[PDB]
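Here are the chains, one letter per residue:
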Amino acid sequence: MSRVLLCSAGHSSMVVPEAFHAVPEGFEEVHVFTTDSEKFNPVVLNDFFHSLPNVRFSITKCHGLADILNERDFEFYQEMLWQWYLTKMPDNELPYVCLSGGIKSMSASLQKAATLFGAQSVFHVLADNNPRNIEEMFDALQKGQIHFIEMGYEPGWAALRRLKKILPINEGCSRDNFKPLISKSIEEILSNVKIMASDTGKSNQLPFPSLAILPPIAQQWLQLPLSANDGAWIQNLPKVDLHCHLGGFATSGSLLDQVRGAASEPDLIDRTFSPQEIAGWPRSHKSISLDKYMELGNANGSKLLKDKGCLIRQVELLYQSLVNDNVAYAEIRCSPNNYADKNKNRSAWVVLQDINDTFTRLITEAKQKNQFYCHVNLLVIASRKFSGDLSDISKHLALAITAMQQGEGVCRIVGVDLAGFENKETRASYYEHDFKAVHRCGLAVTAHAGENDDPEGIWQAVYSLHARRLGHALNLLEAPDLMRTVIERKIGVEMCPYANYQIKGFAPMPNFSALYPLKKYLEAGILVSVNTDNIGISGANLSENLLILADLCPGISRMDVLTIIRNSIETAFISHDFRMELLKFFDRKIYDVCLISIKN
Amino acid sequence: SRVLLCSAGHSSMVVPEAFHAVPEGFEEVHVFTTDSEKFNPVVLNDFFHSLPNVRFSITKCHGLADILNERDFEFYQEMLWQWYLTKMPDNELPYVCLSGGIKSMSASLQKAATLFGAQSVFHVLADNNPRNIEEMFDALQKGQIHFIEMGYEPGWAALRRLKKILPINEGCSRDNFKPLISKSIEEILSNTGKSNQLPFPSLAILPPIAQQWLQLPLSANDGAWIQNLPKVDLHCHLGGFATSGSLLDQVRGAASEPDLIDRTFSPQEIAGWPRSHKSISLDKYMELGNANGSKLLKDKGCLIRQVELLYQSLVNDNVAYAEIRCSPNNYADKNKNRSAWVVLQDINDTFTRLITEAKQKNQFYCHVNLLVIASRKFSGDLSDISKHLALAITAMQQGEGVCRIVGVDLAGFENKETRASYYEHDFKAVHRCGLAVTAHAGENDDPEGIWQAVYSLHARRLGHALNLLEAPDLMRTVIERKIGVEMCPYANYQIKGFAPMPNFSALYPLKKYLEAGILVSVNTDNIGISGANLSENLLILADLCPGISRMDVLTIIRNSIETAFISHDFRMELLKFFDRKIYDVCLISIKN
RNA sequence: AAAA
Ligand SMILES: Nc1ncnc2c1ncn2[C@@H]1O[C@H](COP(=O)(O)OP(=O)(O)OP(=O)(O)O)[C@@H](O)[C@H]1O
Ligand SMILES: Nc1ncnc2c1ncn2[C@@H]1O[C@H](COP(=O)(O)OP(=O)(O)OP(=O)(O)O)[C@@H](O)[C@H]1O
Ligand SMILES: Nc1ncnc2c1ncn2[C@@H]1O[C@H](COP(=O)(O)OP(=O)(O)OP(=O)(O)O)[C@@H](O)[C@H]1O
Ligand SMILES: Nc1ncnc2c1ncn2[C@@H]1O[C@H](COP(=O)(O)OP(=O)(O)OP(=O)(O)O)[C@@H](O)[C@H]1O
Ligand SMILES: [Mg+2]
Ligand SMILES: [Mg+2]
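Here the protein sequences come in this chain order: F and E.
The first sequence begins at 1 in PDB author numbering and counts up one residue at a time.
Read in order, the letters of the second sequence are residues 2 to 192, 200 to 600 in PDB author numbering.
Keep in mind that the hints are not guaranteed to be accurate.
[As the list claims (entries may be wrong)] Derived contacts from chain E toward chain F, CB cut-off under 8 Å, selection only: (1) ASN70; (2) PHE74; (3) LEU99; (4) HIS124; (5) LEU167; (6) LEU190; (7) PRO209; (8) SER210; (9) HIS439; (10) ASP481; (11) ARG484; (12) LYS490; (13) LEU583; (14) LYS584; (15) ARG588.
In short, the hints are calculated from the structure, not lab data.
Where a beta carbon is used, it is the ideal one built from N, C-alpha and C, also for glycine.
Could you build all of it, start to finish, from the sequences and the hints given here?
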């Protein structure tokens with residue numbers, strides 16, 4: 001807690017100590033703006049506050065203006081004062097303001113600034129002597145001559161105070177190229193209120209993260225369709241990834257080599273599989289069969305992560321890639337049974353516990369140093385095998401159910417994945433009774449609909465399995481009833497632009513004329529979420545997946561990207577309170593990044 | 002308007018120099034000052050006499066001088082606010098300058114201007130500080146006197162009804178003071201998911217004072233605000249509206265055959281109704297509605313009159329969307345060849361005709377959709393559920409119409425045989441046909457029944473269901489699956505009994521449900537039986553659930569919108585209209 | 001406590 005005290009004196013320097021001793025409770029620091037006029041005496045303030053080293057103090061000098069004469073001088077001074085105020089809030093709390101010194105215009109400007117950005121209390125100091133000595137204020141306050149007038153209490157706009165990140169890179173705002181950016185901010189607020197009032201039709205609604213305060217130029221830029229040039233804005237955007245397999249993250253290249261390196265014992269590590277030739281990845285120009293695409297990732301996965309060191313390195317690298325992409329929430333699909341090995345007492349449960357422990361350690365160590373971190377949950381993928389061993393699905397479900405009971409931990413199991421061969425041999429109809437247990441235990445269910453997904457199959461998945469999220473399902477608009485049901489039941493679809501681009505084949509690949517249905521789904525209201533599926537085999541992260549929508553779905557707007565992020569948040573398997581916290585954080589970060597992108 | 006506003010001090014220059022702030026002449030200027038003898042009005046009066054058109058008004062703050070004391074400052078601030086509101090121009094915002102006066106008075110005037118609106122806040126300055134009016138003429142001729150204006154201010158639209166609630170009070174002292182606005186200002190931050205749950209994103213454009221007032225707890229005195237709100241009703245039985253009073257008389261008098269109408273029997277009255285101080289069983293609750301219903305609505309004319317009166321009451325309550333539950337078989341007789349289908353068609357046609365007529369006249373209209381009630385064990389054999397399900401499925405195919413059947417409702421009386429887990433067999437067709445399922449899983453129902461209705465019957469909404477707090481697993485299942493609960497505060501308060509009704513200590517779980525995240529909605533059940541429309545049903549929350557905020561009421565309305573059985577395309581435009589209306593009413597209801 |  002720090003009670004920053006703000007004041008400003010014309011030439012009479014007695015006001016600042018008067019304000020300091022107005023409240024005998026004491027404060028933490030005082031910051032005062034003053035002109036560069038020679039009539040002002042900072043030596044008195046320096047020597048008076050030097051007696052209290054425990055309280056910080058500073059003086060900011062407005063160069064180039066001894067006094068306010070014309071409109072230009074006052075405007076530039078107001079810009080400078082707004083900037084200095086912006087650099088001097090408490091990190092979380094509000095400051096205090098006094099208006100006993102200075103000219104009328106500058107005091108009114110300071111009060112306007114306090115109203116705009118908010119303050120704990122706005123007051124003045126009054127005395128019946130107006131003295132000039134310093135060894136008399138103590139006698140005046142002992143007798144009671146000092147009078148303080150408290151009138152102000154104001155929250156301001158949180159969004160209008162969120163722009164403390166716009167000020168720097170301004171070389172001191174010299175006269176030759178001065179930029180009144182806080183003047184642009186006040187034009188922003190005035191314009192927002194004026195379009196809100198004088199207009200009714202165009203000023204109705206549209207913001208999905210409830211921003212509604214960005215400058216109107218920012219809103220117009222958001223409405224315009226994005227291009228491949230918006231990669232800088234997309235990269236800074238806090239994104240959500242919901243479909244990201246753990247075993248298909250580092251399948252080739254330097255990441256694969258360095259995950260092979262820290263693999264505990266390197267004796268059992270062998271150089272198997274190979275990348276695919278003529279495939280101009282990640283922007284392939286030919287369809288790839290699902291089996292061949294899966295085999296492309298065989299370099300890393302079930303046969304490689306069987307040792308603890310390799311698995312730990314893989315998950316650490318995945319978390320590093322996620323945080324490097326500004327992904328603020330992720331849900332990693334992992335198959336613990338694949339990496340289980342009873343030979344070394346490495347069951348599926350201990351593999352899942354290792355993944356959970358390393359993710360929690362990474363998130364906690366990132367939170368301790370106060371840096372960007374990716375809160376990641378896990379999905380126990382209950383894949384279909386049916387090479388015998390029908391108990392495999394039951395074991396996966398039981399492990400997923402019993403893994404929730406950890407209770408604590410920043411990383412936790414949230415749901416299961418119904419992947420596998422989506423053929424009619426393993427439709428969702430048979431498992432209406434297996435999944436009563438998984439539903440009663442609070443787990444969520446996500447399903448795969450990559451191929452041979454008849455609308456009856458998806459109906460069974462969303463009505464018998466009660467899947468709250470679907471995978472791919474690129475042919476929803478073929479069946480209008482299925483699309484209507486998905487719309488009404490508010491279930492989301494995990495659509496991966498690169499995986500669907502390569503596996504199924506969409507425009508502008510030659511000999512393929514099918515259009516990507518992401519834009520049509522968004523218009524229909526489908527809670528679509530752009531994901532990665534496999535960072536390794538697909539070869540691209542979430543930023544590139546969002547960028548490619550400029551080509552797969554022409555005319556897609558940036559506001560639609562914000563809609564996609566909001567839908568990913570809404571369809572995520574998280575509790576209500578955590579969802580609201582995530583929504584607040586995403587709103588704040590979206591506001592900041594939009595302001596930065598529009599200004600630069 | 003064209004009104005200037007300024008403060009006075011030692012020098013009288015301030016008003017003459019501010020007079021020519023506009024470059025094309027001004028209309029009328031007013032001055033506020035204290036009782037200090039230093040100020041002379043003679044110079045300003047003489048200077049204004051040269052221009053007889055301008056209205057000169059001088060107001061002296063009685064009994065105050067130099068504003069040196071805390072109480073003196075508070076007195077001056079209160080009188081300044083009263084004078085500012087009394088001198089508030091009717092339509093156009095006024096200009097204001099604050100160069101003169103003490104820093105304290107200047108700050109108070111700036112706060113007043115930024116709180117009640119201002120056409121512009123500006124300043125006057127002169128390098129040489131002139132004294133003789135000849136020096137002002139010289140200054141305007143050779144142009145040193147600049148005009149300093151930090152930027153045009155919007156001001157907050159609604160703070161002017163205070164000038165109506167307070168009289169002139171020419172004679173005043175320290176006895177009279179109104180902390181009406183300072184009470185909301187003090188509690189601005191003096192009081200986690202509140203801000204995150206902010207619905208209707210245009211609420212961010214609201215004034216910070218208005219936003220703070222929105223965060224304040226609900227009170228019984230803001231019925232005027234709660235009435236002007238556009239609300240959504242999702243649980244409103246058609247046959248429980250015109251039960252007693254003039255409504256019953258005018259719905260009976262419009263019957264085609266008044267001879268067969270029984271005008272003798274009337275429902276009993278309970279003291280304190282609708283805020284009954286004693287609990288009542290559900291059977292007697294339905295008994296109150298015996299005046300209307302099946303035995304009355306058989307006649308076509310009276311049924312049409314009932315529908316028209318219900319729509320008129322919905323519009324009068326400023327409800328912008330409703331989902332009326334009707335049981336066509338209850339009002340269908342074969343004596344005059346009146347099947348259930350023709351009854352449903354008559355209700356639908358009356359509703360769509362009313363909506364179209366109101367829309368073509370560009371008035372406020374309530375969009376109405378119908379729910380077909382599939383009652384259990386009412387008329388004997390249980391083929392009625394199948395007949396009603398088929399009726400709903402066929403009636404949803406009509407296509408054309410602003411009013412359409414959107415789903416079915418399942419009705420259970422108390423418990424056990426009235427459980428929502430016996431008829432799971434019929435509902436595959438109704439799910440696949442595009443309809444939505446709602447269950448009356450209320451009035452002390454066990455968690456297993458609600459769970460079965462949620463999962464086996466795929467119900468999208470649950471009626472009442474006040475016992476979710478005792479089943480945390482069920483509560484989590486409801487929360488994560490985004491299944492709304494429609495609770496009627498008045499019906500539950502009258503039947504179940506909660507605080508502050510005497511002899512009962514249980515408290516309504518409305519606030520707890522809102523905090524948990526359940527998409528809870530507030531409805532009317534039966535307007536006639538409960539004797540309470542949606543406005544007062546929402547208002548009674550401030551009494552049943554203390555600490556509920558107005559922003560929580562807005563969240564309740566948003567939840568009602570979200571859980572409605574509407575298409576996404578219609579939902580988007582409904583949300584847009586609701587956001588605009590909410591912003592408009594909030595911007596013109598902080599006025600009190 | 002720079003046109004108190
Ligand atoms: N698109 C998919 N469709 C069906 N099942 C999938 C899909 N992606 C992953 N899986 C499941 O995850 C595993 C994929 O292959 P594998 O068993 O070898 O482990 P992995 O590490 O996750 O991937 P990889 O094959 O690259 O090693 C299988 O269990 C598979 O059922
Ligand atoms: N990667 C993240 N970085 C920062 N905050 C996050 C992140 N992910 C989630 N959050 C949320 O932000 C808050 C973390 O910081 P904290 O709890 O101290 O509140 P805060 O500091 O006011 O918010 P912020 O960190 O955004 O400034 C939590 O509400 C958390 O849910
Ligand atoms: N609280 C309730 N519980 C169960 N069923 C209800 C409830 N309220 C209304 N109903 C249903 O409405 C009908 C009850 O009465 P009725 O059939 O005579 O016509 P009504 O207009 O809906 O109400 P009433 O005539 O009793 O005033 C039944 O279909 C019943 O299932
Ligand atoms: N009671 C209502 N009053 C006004 N508009 C409503 C009402 N209910 C719904 N609306 C919405 O207003 C629009 C109805 O009028 P219409 O479809 O012709 O467009 P509009 O005239 O441009 O909008 P508005 O009626 O608000 O001026 C729809 O978007 C509708 O969802
Ligand atoms: Mg996948
Ligand atoms: Mg009911």
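Status of each hint after checking the structure:
| no. | hint | result |
| --- | --- | --- |
| 1 | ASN70 | 7 Å, holds |
| 2 | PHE74 | 5 Å, holds |
| 3 | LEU99 | 6 Å, holds |
| 4 | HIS124 | 5 Å, holds |
| 5 | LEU167 | 20 Å, violated |
| 6 | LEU190 | 6 Å, holds |
| 7 | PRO209 | 4 Å, holds |
| 8 | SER210 | 6 Å, holds |
| 9 | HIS439 | 7 Å, holds |
| 10 | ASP481 | 7 Å, holds |
| 11 | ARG484 | 6 Å, holds |
| 12 | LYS490 | 5 Å, holds |
| 13 | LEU583 | 6 Å, holds |
| 14 | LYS584 | 4 Å, holds |
| 15 | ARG588 | 5 Å, holds |
In the structure shown, a violation is registered for the earlier hint numbered 5 alone.
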